[PDB]
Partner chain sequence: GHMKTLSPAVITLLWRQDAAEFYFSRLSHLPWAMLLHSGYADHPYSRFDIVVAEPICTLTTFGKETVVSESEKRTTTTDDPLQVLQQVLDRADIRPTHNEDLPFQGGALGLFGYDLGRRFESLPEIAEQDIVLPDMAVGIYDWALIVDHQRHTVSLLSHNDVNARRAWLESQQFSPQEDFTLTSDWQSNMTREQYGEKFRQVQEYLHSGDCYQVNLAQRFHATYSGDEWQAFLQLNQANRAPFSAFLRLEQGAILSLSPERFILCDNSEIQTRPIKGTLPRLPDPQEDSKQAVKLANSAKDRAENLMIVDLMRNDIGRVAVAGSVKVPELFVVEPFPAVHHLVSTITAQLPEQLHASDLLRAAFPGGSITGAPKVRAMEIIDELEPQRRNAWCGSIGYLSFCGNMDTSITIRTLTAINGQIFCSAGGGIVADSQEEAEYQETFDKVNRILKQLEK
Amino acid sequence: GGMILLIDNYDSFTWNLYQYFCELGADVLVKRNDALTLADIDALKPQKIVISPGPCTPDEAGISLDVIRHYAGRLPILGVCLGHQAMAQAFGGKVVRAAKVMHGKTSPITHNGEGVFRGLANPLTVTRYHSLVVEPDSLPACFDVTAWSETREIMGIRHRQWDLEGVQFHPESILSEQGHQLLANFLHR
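How about this chain only, in the form deposited without its partner chain?
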């Protein structure tokens, strides 16, 4: 509810998330993936963690993979794009090339109306900034898929037991009412 650790994986969109979460009344702290150890995060005492997008892959995302693996089941974690892929890979996921690389287009995904999608319209139009996707047949059994592209891509995953959730699209909203309601869902679990 209070203190959010946002992990910057060197994207401009981490500051959008900063503003969005601050407008929802959260105490947010933004630390770069290479300027942190896991010992650091114990000092900061976060209530929830968010892994940002970034131009890299999870392997090159500094501590992101280490953080998901160590804090899984201790604090809620929300992965956006890169963070969503990092969440799959963390539990033995496989990230593969997409059918079409999307550099800013908005498109309709279907969801299960649970997790961050509770009280959201289905289908839902979202904006995509990615070229890679989580491979469905490789997805670890600990994860349910929660959203699908219309080309049948994984657009959201969620752990079956713990509070860690991913989205492949950029939430980009909080003045959209159904965009505010998506991040508020993570914040007020």
Given for the second form:
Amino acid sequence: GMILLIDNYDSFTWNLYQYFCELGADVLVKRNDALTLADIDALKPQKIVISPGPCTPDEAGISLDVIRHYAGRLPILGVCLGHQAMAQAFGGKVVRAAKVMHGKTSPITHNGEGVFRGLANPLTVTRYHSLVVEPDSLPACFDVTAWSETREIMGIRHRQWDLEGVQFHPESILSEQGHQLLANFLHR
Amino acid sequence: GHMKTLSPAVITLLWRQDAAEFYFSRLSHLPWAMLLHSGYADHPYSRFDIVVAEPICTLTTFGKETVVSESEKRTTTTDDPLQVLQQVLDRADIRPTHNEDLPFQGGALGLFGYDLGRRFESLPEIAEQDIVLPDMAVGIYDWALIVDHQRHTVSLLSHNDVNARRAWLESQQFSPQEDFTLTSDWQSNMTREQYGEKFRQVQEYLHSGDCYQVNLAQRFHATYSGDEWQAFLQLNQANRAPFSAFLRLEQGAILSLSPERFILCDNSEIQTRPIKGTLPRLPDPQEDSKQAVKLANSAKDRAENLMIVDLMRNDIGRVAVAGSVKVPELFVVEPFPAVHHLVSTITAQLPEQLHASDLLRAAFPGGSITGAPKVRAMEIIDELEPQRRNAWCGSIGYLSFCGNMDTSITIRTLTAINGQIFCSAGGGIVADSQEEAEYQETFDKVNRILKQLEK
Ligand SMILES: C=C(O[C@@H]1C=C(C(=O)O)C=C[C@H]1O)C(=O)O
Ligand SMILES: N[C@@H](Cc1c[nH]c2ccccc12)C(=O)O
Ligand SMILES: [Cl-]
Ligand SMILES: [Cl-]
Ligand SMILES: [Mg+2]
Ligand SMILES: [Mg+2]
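Let's compare: the form deposited without its partner chain is above, so bring in the form deposited with its partner chain bound.
Below, the chain from earlier opens the complete complex, with every other chain and molecule after it.
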């Protein structure tokens, strides 16, 4: 029932808090420099969410260490920066997109797996990102779950563990089926 | 001792549309005299003008220190200034029930300057501090004069002898002063070339993924002589802005012609109405009608706006009751004398264990005049803007003894201090922004204010 949301000093984190609370979760929000790994072990969260934020995973405080340590131990969802961090944690690379997309929606195509279970295809989603996961260096442990019209990675999921990323914002007012998407992570 | 829950005593005065400016004229020279004015606007959120003066307590915050002043007691504290404000409100022991016709029943009223945000996040100190005017300048008032343009009612309310307050008001005289005159031309704090350099640095941060939007501002300055109240009377008529205000502070005067609501809390119903997206008014009525449609359909302006809608859902979402955050309106065009604007509306509910002061603390300063993500945007503003914003792009408003609140964003706001007057103007830089268009957007917002004061 207890979800730890790691806040990368972002201005969308509390939209994720609101959606998970509406779904009936207990949610604790902590900034990415307000916690150590030892602190997380004492809190005993059931799942972890890595929030969006500015800059790159290297500037995301404890987020990369949390991903590496709890991989296979607790379910983890990564949103935007959190998704980039998940790819980087297993040896992927984060690069500039062809076109920045800030407060613009895009139709994405998905395979109906992971957090896309039960969602219509395609799905219109809001983007707030200048960077993407480089498709060539995506670690073999990840399946791409979703693509943009220009074949940019919009989602990844680990083949073995509950460890999943989306590049877009399910919690944006113009994203489709964002409650149901997050419900998949909460209830599976 | 005795907690008062009784509704305040009310004397109804003669209905006149200009009641607020009429009575405020005789108060405008007194430190801690304050006016909230709806600008006589024909607008969905233009109803009330509110007048206060002669506070029972004052709160003045400069940086880490707040000074709380009451008749025979002066206290200083480093505590969170909005926590101290809520403590002072509670200790007044005035606790009336909400009245939809008297949204302010006494309580706190004044200024939350932009640099108060340094108390809520850890921010760099590059921009210069060249204006000495408090980060928080708030009076506590046990009375008010309320003008209600919907009911055509003028109400004088008091928790402590409304007849004595009425006789005090009748005894104050408007002995008019020399008219306002500018005594220099307006000058900016930056050249077109400097603005360009700063615009290009924002675009580098947009492309690197540091930020998605930064509001970059310049500041106009002139010398002046004569009465600031006379300047406001001229500006208020001309601007028709529903969140206007005049504050007489110890240190100088704040003349606000803001059309922007920051946060309303009305019987625990939260509303925020971020303004993002602008085009100039055109003199031909046929062309101006088409201008409104152009703004409504502008992809760049809709991106600029949407991003702040998601940011305000977040900022209100820090405290809102789970499941209460809604967006009833996206991308409505509102015309003002200088500009068309794109406005959106976000609603939520305040939990019973929280205060409007907690909602202000969670959201301040407004995402509409910073950008996204907000902490990074505020770091970039401090890096690029040569002087701190002080009163400009803060908030003016009230925290009622009943729990209600209303606040502006102090855009289109002048600071008049030591015979100097300052007027700032900015705009949201996003990926599709162009350098010259954004420079001209700053002028479009304040050109009519600057030019009206040159005459
Ligand atoms: C800072 C200002 O701009 C702000 C941003 C707007 C825009 O960029 O279109 C419009 C209203 C304001 O919230 C200003 O009014 O001076
Ligand atoms: N327009 C507001 C009152 C108001 C006028 N100016 C303001 C400045 C700040 C806050 C509120 C106000 C109303 O009708 O209720
Ligand atoms: Cl502090
Ligand atoms: Cl009227
Ligand atoms: Mg703009
Ligand atoms: Mg209380």
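Only the largest set of C-alpha atoms that superpose within 1.5 Å between the two forms is called the rigid core. Numbering follows the first chain given and starts at 1.
Superposition of the core reveals a Cα shift of less than 2 Å for residue 24 between these two forms. When the rigid core is held fixed, the Cα atom of residue 14 travels less than 2 angstroms between these two forms.
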